[PDB]
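Next up: a single chain in structure tokens, the form deposited in one PDB entry.
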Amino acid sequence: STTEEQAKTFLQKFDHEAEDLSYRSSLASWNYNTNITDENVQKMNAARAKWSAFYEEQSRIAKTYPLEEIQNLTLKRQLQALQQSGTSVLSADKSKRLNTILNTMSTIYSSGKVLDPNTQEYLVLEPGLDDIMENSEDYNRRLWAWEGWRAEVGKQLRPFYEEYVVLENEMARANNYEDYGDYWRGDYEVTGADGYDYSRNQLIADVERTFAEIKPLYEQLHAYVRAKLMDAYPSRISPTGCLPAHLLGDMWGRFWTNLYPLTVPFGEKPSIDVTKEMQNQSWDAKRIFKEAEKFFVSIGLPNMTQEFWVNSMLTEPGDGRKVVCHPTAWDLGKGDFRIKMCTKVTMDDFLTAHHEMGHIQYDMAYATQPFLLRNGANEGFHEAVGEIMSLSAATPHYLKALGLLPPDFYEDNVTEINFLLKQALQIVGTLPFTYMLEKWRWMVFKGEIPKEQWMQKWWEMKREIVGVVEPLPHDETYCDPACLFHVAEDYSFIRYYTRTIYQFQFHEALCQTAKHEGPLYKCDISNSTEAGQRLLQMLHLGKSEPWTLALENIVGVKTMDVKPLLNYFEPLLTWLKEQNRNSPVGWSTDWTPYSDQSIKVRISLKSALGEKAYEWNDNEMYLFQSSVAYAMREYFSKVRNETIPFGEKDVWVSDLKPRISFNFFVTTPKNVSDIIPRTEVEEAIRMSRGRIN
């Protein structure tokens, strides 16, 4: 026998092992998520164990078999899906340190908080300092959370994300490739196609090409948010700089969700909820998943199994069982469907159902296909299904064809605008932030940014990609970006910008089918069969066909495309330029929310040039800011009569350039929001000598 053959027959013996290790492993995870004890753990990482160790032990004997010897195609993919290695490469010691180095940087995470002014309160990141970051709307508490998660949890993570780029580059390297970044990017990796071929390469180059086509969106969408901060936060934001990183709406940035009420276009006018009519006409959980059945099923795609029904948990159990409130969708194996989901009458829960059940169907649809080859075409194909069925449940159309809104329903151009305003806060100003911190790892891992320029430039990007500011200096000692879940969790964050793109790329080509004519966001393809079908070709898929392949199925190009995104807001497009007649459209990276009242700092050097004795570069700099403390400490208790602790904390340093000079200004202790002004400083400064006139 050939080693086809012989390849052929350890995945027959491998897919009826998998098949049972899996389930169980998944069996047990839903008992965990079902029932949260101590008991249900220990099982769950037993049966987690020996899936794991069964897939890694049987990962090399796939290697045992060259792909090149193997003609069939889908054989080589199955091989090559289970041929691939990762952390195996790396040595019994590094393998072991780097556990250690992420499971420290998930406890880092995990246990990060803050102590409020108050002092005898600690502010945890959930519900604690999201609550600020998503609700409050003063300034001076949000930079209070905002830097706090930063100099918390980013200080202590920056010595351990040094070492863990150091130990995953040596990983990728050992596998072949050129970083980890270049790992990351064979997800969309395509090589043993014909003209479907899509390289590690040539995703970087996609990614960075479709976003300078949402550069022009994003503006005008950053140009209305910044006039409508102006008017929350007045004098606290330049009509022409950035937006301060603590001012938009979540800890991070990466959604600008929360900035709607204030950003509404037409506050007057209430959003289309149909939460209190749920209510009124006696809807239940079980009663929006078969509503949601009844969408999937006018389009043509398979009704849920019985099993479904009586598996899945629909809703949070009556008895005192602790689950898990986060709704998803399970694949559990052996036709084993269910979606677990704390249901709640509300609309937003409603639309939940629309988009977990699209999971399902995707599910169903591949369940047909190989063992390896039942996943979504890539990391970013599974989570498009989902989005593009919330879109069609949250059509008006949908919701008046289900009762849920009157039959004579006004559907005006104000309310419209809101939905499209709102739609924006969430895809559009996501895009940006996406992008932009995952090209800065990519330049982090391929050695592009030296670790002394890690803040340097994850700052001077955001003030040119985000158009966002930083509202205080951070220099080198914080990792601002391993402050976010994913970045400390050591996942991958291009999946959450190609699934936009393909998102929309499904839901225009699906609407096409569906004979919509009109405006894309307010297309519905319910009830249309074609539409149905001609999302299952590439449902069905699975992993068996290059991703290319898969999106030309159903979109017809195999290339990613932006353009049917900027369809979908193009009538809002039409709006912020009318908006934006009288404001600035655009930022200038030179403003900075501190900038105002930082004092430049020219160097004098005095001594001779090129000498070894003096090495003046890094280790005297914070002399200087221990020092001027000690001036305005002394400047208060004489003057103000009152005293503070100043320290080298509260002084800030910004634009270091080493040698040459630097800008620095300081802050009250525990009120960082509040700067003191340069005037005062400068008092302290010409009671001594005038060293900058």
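Between two forms, the rigid core is defined as the largest C-alpha subset superposing within 1.5 Å. Numbering follows the first chain given and starts at 1. What changes on going to the form deposited in another entry:
Here the rigid core is superposed between the two forms, and of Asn72, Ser91, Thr119, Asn103 the C-alpha of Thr119 is the only one to shift by 2 Å or more.
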Second form
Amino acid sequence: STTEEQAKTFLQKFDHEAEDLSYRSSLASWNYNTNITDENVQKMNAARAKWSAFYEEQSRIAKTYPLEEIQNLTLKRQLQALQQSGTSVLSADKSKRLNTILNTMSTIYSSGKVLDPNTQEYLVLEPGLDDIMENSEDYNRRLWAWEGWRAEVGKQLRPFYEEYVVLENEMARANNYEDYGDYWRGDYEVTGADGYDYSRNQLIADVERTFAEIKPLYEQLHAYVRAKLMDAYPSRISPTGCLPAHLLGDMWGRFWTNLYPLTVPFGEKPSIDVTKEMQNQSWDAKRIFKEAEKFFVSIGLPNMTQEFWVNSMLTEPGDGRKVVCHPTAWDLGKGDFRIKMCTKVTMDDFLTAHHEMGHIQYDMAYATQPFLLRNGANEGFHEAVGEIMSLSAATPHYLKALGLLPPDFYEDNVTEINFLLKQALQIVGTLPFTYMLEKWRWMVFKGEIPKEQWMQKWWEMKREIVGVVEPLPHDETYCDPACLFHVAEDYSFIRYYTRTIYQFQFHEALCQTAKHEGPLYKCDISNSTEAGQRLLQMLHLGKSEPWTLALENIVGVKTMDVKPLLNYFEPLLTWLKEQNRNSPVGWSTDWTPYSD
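Structure of the form deposited in another entry, please, following the form deposited in one PDB entry?
A lone chain is what you will see next.
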């Protein structure tokens, strides 16, 4: 028979075994993450080993089928996902070596600890130095936590990361890729459609084209934050200089959310919080998810399954089991979707029960697609669908309707700029960090950054792109980027940049379909069924169709566009351009805190 019939039969054979081998591994990771024990970790590794071995050996068989001999669009995308494997193209010695390096890095990061003035403490990252970084405002103590963590983890990871780069550049080149920074950009590659073709070198073009418009908005926010930090830290920051890294409200500076108390626009007016209000109405740990479901039902999305409630750990169990309480959504397979979050009922646990319940709605939508095509269209669509639910659930209009706010609640311009500035420290304050970090790793893999200039080009870019200056001079011995969780465990970081761009392309499109009359930050897609019949036209597609086509179905354009993001923060930008009239805008790379 033809290759199409010989591969369609093969994919049917793969699906039956894969749909029940990955599920058994998914029912072992879940059990370990819901009950940590010595036997569970053994079962988790044993189950995943069978699936890992099965997936690679099936990929080798799939490569025997010529891809060009398949004339079915829905069949090629499954072969592409199946054939395009990784780490199986290296020698058995090097493949063993790569996992040895990739496991030491994930061990040094977790085991990192630093010395405290109370010497016998050995503070771990979490809980620990995170509390120091996210809550303290002491210049001396934050500098010790910043430099200390990079002294321990950074120095140790540097010899391993230098061998991580070369080994990952041998797997990529053997797999017909330029560099390991080209393997990561292959998630955004479409090479089968006409008029929907996206190359691996066009992502760099769009990432650097959408960042040339964020910069005018980021400069105003950076100037305003810098002005407020001078009040908090007198004689510590130059008025026209860059921001020291340890003063960004985080260990690395990814999110500026912890700079809100210092940078409240209207300090007298409190923020809109319903933490106390929910407790007054006897809101249980399950009432949040029941109310969160009512939001997705209002827009027309399907209800959560009956098995979801029974099998999900919505509340912290009383039994002393070591539950990993990282809030995550589980796509186990076989029609089983679960959310792992120990509810500690609080406003932030009401705005993160719409993001995890927005990952399931995305997972439930493409459950009818073939097993290989069960995932986001790209790596930036699965984390962006959940976030647009947080935008709708954070608006005062949504909270007021549910009854968590008084019926006579008055929305003044004071609170409008307090909410927008709290979203800017998270949405538009992470893009320069996310863009610079991925741009650094891309050039390191490419070769534009020699072995002797890793920490010279890391801070030259950060002082130029991010506007963050070194608290202390770091030589080649340190490895500052490796201290981040994603860098040290071989995880891509351009997922969090495209996600933010897709957040508001989806949000603006849904609000336009929702007949929203006014600003884009007050939009609440709740009770609108025309914003759930257009969002679901991209959710159902999954990975079957190119992300460019999926993007056009909901938004209307085939290209990454940052124009909706600026419209969301446009009311804030006008206020930011009137509060920075008496303060300089921009940063000078020359100034350094350690110069004096």
